[PDB]
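Trainee: The primary structure of each chain is shown beneath.
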Amino acid sequence: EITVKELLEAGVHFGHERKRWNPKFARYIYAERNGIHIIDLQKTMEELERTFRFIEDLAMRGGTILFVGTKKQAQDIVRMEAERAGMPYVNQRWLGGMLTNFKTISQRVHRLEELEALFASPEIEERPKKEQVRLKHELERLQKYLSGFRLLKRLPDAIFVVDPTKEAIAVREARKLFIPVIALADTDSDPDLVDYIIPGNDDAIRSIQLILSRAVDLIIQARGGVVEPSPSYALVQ
Amino acid sequence: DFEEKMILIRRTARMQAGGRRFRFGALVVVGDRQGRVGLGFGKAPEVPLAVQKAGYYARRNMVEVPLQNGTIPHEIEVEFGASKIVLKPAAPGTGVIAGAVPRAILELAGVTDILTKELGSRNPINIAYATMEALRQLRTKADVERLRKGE
Amino acid sequence: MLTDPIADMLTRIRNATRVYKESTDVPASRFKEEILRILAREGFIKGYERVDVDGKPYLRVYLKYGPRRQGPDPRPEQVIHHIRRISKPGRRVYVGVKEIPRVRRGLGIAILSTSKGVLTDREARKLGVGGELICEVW
Amino acid sequence: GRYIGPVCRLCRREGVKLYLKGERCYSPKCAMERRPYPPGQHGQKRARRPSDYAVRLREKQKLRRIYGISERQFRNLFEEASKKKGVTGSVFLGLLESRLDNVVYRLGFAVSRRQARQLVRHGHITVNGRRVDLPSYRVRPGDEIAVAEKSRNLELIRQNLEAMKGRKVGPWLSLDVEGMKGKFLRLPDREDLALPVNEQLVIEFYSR
RNA sequence: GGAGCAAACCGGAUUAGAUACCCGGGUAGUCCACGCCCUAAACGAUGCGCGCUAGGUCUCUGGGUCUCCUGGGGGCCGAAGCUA
RNA sequence: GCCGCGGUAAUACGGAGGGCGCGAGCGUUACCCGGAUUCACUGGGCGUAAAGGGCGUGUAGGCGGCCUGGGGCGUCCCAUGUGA
Ligand SMILES: [Mg+2]
Ligand SMILES: [Mg+2]
Ligand SMILES: [Mg+2]
Ligand SMILES: [Mg+2]
Ligand SMILES: [Mg+2]
Ligand SMILES: [Mg+2]
Ligand SMILES: [Mg+2]
Ligand SMILES: [Mg+2]
Ligand SMILES: [Mg+2]
Ligand SMILES: [Mg+2]
Ligand SMILES: [Mg+2]
Ligand SMILES: [Mg+2]
Ligand SMILES: [Mg+2]
Ligand SMILES: [Mg+2]
Ligand SMILES: [Mg+2]
Ligand SMILES: [Mg+2]
Ligand SMILES: [Mg+2]
Ligand SMILES: [Mg+2]
Ligand SMILES: [Mg+2]
Ligand SMILES: [Mg+2]
Ligand SMILES: [Mg+2]
Ligand SMILES: [Mg+2]
Ligand SMILES: [Mg+2]
Ligand SMILES: [Mg+2]
Ligand SMILES: [Mg+2]
Ligand SMILES: [Mg+2]
Ligand SMILES: [Mg+2]
Ligand SMILES: [Mg+2]
Ligand SMILES: [Mg+2]
Ligand SMILES: [Mg+2]
Ligand SMILES: [Mg+2]
Ligand SMILES: [Mg+2]
Ligand SMILES: [Mg+2]
Ligand SMILES: [Mg+2]
Ligand SMILES: [Mg+2]
Ligand SMILES: [Mg+2]
Ligand SMILES: [Mg+2]
Ligand SMILES: [Mg+2]
Ligand SMILES: [Mg+2]
Ligand SMILES: [Zn+2]
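Residue numbers (the UniProt record's numbering), protein chains in the order written: chain L, 4 to 240; chain S, 5 to 155; chain H, 1 to 138; chain X, 2 to 209.
Derived from the structure by calculation, the hints contain no laboratory data.
Even for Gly, the Cβ is constructed at its ideal location relative to N, Cα and C.
Be aware that one or more of the hints could be misleading.
List time: in silico DSSO-like cross-link candidates among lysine-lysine, alpha-carbon distance up to 27 Å [said to hold, decoys possible]:
| id | chain 1 | residue 1 | chain 2 | residue 2 |
| --- | --- | --- | --- | --- |
| 1 | S | 47 | S | 57 |
| 2 | H | 98 | X | 86 |
| 3 | H | 64 | S | 153 |
Derived CB-CB ranges, DEER-like [stated by the list, open to error]:
| id | chain 1 | residue 1 | chain 2 | residue 2 | range |
| --- | --- | --- | --- | --- | --- |
| 4 | X | 18 | S | 125 | 40 to 48 Å |
| 5 | X | 87 | H | 57 | 52 to 60 Å |
| 6 | S | 7 | H | 72 | 26 to 34 Å |
| 7 | L | 179 | H | 66 | 14 to 22 Å |
| 8 | X | 36 | S | 8 | 31 to 39 Å |
| 9 | L | 29 | H | 43 | 20 to 28 Å |
| 10 | X | 23 | S | 141 | 27 to 35 Å |
| 11 | L | 52 | H | 125 | 37 to 45 Å |
| 12 | X | 87 | S | 103 | 21 to 29 Å |
| 13 | S | 141 | H | 22 | 18 to 26 Å |
Please work from the sequences and hints to get the whole structure.
Mentor: Below, the structure is given as structure tokens:
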């Protein structure tokens, strides 16, 4: 569902950053109780609704969302939430021009489906073992970086970010491309440059997961058939 | 449909062991005379490539040139770097009064009659980039009031 | 010290809008309000309430801004693009009904104090007066 | 005084027919249907991208060379025209056409402007019934341009007027072919006559 | 007044030369008082006073209900903005 | 005129052919305004490009905070004369 209680959000899912902040978390900040800045969970909702409202309005009209999360705290959680939504993602090091230069970056996804469908083909042993290994090594390279980018043979209509700061690069072109920006960002990064914000702990899996996990449920409820709460509470904490 | 027109070309020069290499600069202006112009600067190892990629960039940049009958809505001026340009609106029958740089931009945007001067730095490149901002900052009586109604 | 209060306010405003904020205050003045009185009625701003700051009477001035644009620099357009003082204390500028300005071929406004109160580039011409030309805004 | 000598060469210096000749500059060529290129040893050679100046210089010479009028008398008009208000550019050609030697060329009394001058000059032309031997004469609404009696003959006039049958006059003129009389009805807007000349380029050339 | 130092000066070296750099001597001067001189890369190469426009960290010095907040200073990185 | 042309292939010297520009004129020199926004009232500068006085104190001078009243000098409107 799209509904979300303020109880399970009670773990760390509201500001974990302090003074390492951007002073533009004005509206999105409650108090500085004990070092860390705590985020007014109340406004989150309103920002959420406004955000989800666009997520469904876009998901229910057959769009595509690109997920970016290089962070290790929210690294794999994107892989399972992106694959569980059939949508593209960036689990590894985000490359420059992946959008503004998407045209040429794509050509390098195109090396992969030539390498991909040549692992079982006939003309394989014909090429000396000296030449092989490396190729599959290369193939492994491509997959590592392009697994969640392998799909989506065109620029998305919006992008979801685990943190606009860690990835400002990613928003910058996207933003240069008029592409709308959704993201979860703790007091670290500055809003404004964000179109639809998820004002909360962009670190600490507990918080992150909680969001995306359901969040992606709302993405499925855009076509119909929301099932099991996708992978999660694994070795969570 | 679009009318290309480069108003500046030059040969820079870098230097390396034994001799000096050259790139080429291309300043091209694009428009339609409807009220839509674009400006792009293209560098390339040779002449054409630049010119060609100038129009490429020049089409990536455009403008809402509001024309109150071959002129502009209000009196505007804009300072870019050390260079300054003056656009004062003129009544029909006057013509475009400006250097060979700015006129080339006003034409491709229509503009039947206007008064202008270049102040400070006369460097075309900076005059160019200075002129677009001017236009990119024009507001018709309509664009204005909208704001002065609020909510 | 404040060798010029009016200018201070104009600048007090100019410096707020540049950074985008909801309201900045400014020391109370009969003449100061009659000036803001123009900006409200001309929609250059919202309004203001004779607020108080520690016994000292100020004027919380409320600013309007265009719609949140998108792309690089989502910061909105300015409702008040430009504002500068004309008749300063170091040089007073006095003009007659025939020597009145012409801000942006109508697109702007001009504020001047006359023997018939605080008027506008227009009203001055309508009333048929003239006096100290305060500033210009657009 | 006025220009004298090679003119078909101009016909092709600007790269456009301008019918300064009678039949010829109007027959198969101003010597151009033969050679549509610029005079001088460097004719059959490619040209260099004409500068914004040379363009306005050329587009100007074109117009002045058309009415075959000195740079003197010429600019005097533009200034007088520019002095006015409205558009000036349009007003300009207005003062150009108002010339006496001009009206005559249009009213078919002569084939060429240079032939039209000889007429006015020698005194074989009239205006409201006056001997006007001055090609500089400016004409207004309703002015009658006919031939004088001493001249209402001449084997050259009948030919010119005769050829004028099977031909029309400007929306600002009217000829009594059979009587030798014509009238200046109004000042012909830019529309009333189309030309290889963009005035606006001539306006620019004068704001050096 | 004069220990140390040290323009000028003398001697030893180096060098083609070495009126220098290096070594050994050495006078004014460097020190005090009184009276002059009034210059300088006298520099932050940034005149003085007042108001307005994010913050982060280090340090000196106050005041407080003393994790902190608050005032006056002294550095660094930096919002917006200015700048060739 | 400025930038610069001439060193045995000079569209830059000298002549020729040809072309461009004007025409009883076409050139030159000199002088004034323009461009020069390059004295900047309109309409500029002073960290490193020329430019903050070596630093204070202070004279005259310029400038001056919130409310209310008299005066109405400046300022503003109208009217009239004069501005041949
Ligand atoms: Mg660029
Ligand atoms: Mg500047
Ligand atoms: Mg300059
Ligand atoms: Mg220049
Ligand atoms: Mg006119
Ligand atoms: Mg001129
Ligand atoms: Mg010695
Ligand atoms: Mg020796
Ligand atoms: Mg010897
Ligand atoms: Mg010694
Ligand atoms: Mg010693
Ligand atoms: Mg002595
Ligand atoms: Mg200072
Ligand atoms: Mg203490
Ligand atoms: Mg401090
Ligand atoms: Mg800094
Ligand atoms: Mg910046
Ligand atoms: Mg030779
Ligand atoms: Mg040579
Ligand atoms: Mg020469
Ligand atoms: Mg020669
Ligand atoms: Mg010749
Ligand atoms: Mg020649
Ligand atoms: Mg002369
Ligand atoms: Mg002039
Ligand atoms: Mg000044
Ligand atoms: Mg200057
Ligand atoms: Mg200063
Ligand atoms: Mg120096
Ligand atoms: Mg200096
Ligand atoms: Mg100093
Ligand atoms: Mg001083
Ligand atoms: Mg001194
Ligand atoms: Mg001093
Ligand atoms: Mg005093
Ligand atoms: Mg005083
Ligand atoms: Mg006072
Ligand atoms: Mg009083
Ligand atoms: Mg009078
Ligand atoms: Zn011909």
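Trainee: Next, verify each hint and record whether it holds.
Mentor: Here's how the hints hold up against the structure:
A hinted pair counts as satisfied when its Cα atoms are at most 27 Å apart, and residue 47 (chain S) with residue 57 (chain S) qualifies at roughly 8 Å. Straight-line distance between C-alpha atoms of residue 98 (chain H) and residue 86 (chain X) comes to about 24 Å, which keeps the hinted pair within the 27 Å bound. A threshold of 27 Å between alpha carbons decides the hint, and for residue 64 (chain H) with residue 153 (chain S) the separation of about 9 Å falls inside it, so the pair holds. In this structure the supplied range 40 to 48 Å holds for residue 18 (chain X) paired with residue 125 (chain S), their Cβ-Cβ distance being about 46 Å.
Range check, residue 87 (chain X) to residue 57 (chain H): Cβ separation about 58 Å, and the 52 to 60 Å hint holds. About 28 Å separates the C-beta atoms of residue 7 (chain S) and residue 72 (chain H), a value consistent with the hinted range of 26 to 34 Å. Separated by about 21 Å at the C-beta atoms, residue 179 (chain L) and residue 66 (chain H) satisfy the suggested range of 14 to 22 Å. For the hinted restraint 31 to 39 Å between residue 36 (chain X) and residue 8 (chain S), the CB-CB distance of approximately 33 Å keeps it satisfied.
Against the hinted window of 20 to 28 Å, the Cβ-Cβ separation of residue 29 (chain L) and residue 43 (chain H) comes to about 27 Å, which satisfies the hint. The hinted window of 27 to 35 Å between residue 23 (chain X) and residue 141 (chain S) is violated, with their beta carbons roughly 58 Å apart. Look at residue 52 (chain L) against residue 125 (chain H): about 52 Å separates their beta carbons, and that is not inside 37 to 45 Å. Checked against the given bound of 21 to 29 Å, the beta carbons of residue 87 (chain X) and residue 103 (chain S), roughly 26 Å apart, stay inside it.
In this structure the supplied range 18 to 26 Å holds for residue 141 (chain S) paired with residue 22 (chain H), their Cβ-Cβ distance being about 25 Å.
In the structure shown, a violation is registered for the earlier hints numbered 10 and 11, in ascending order.
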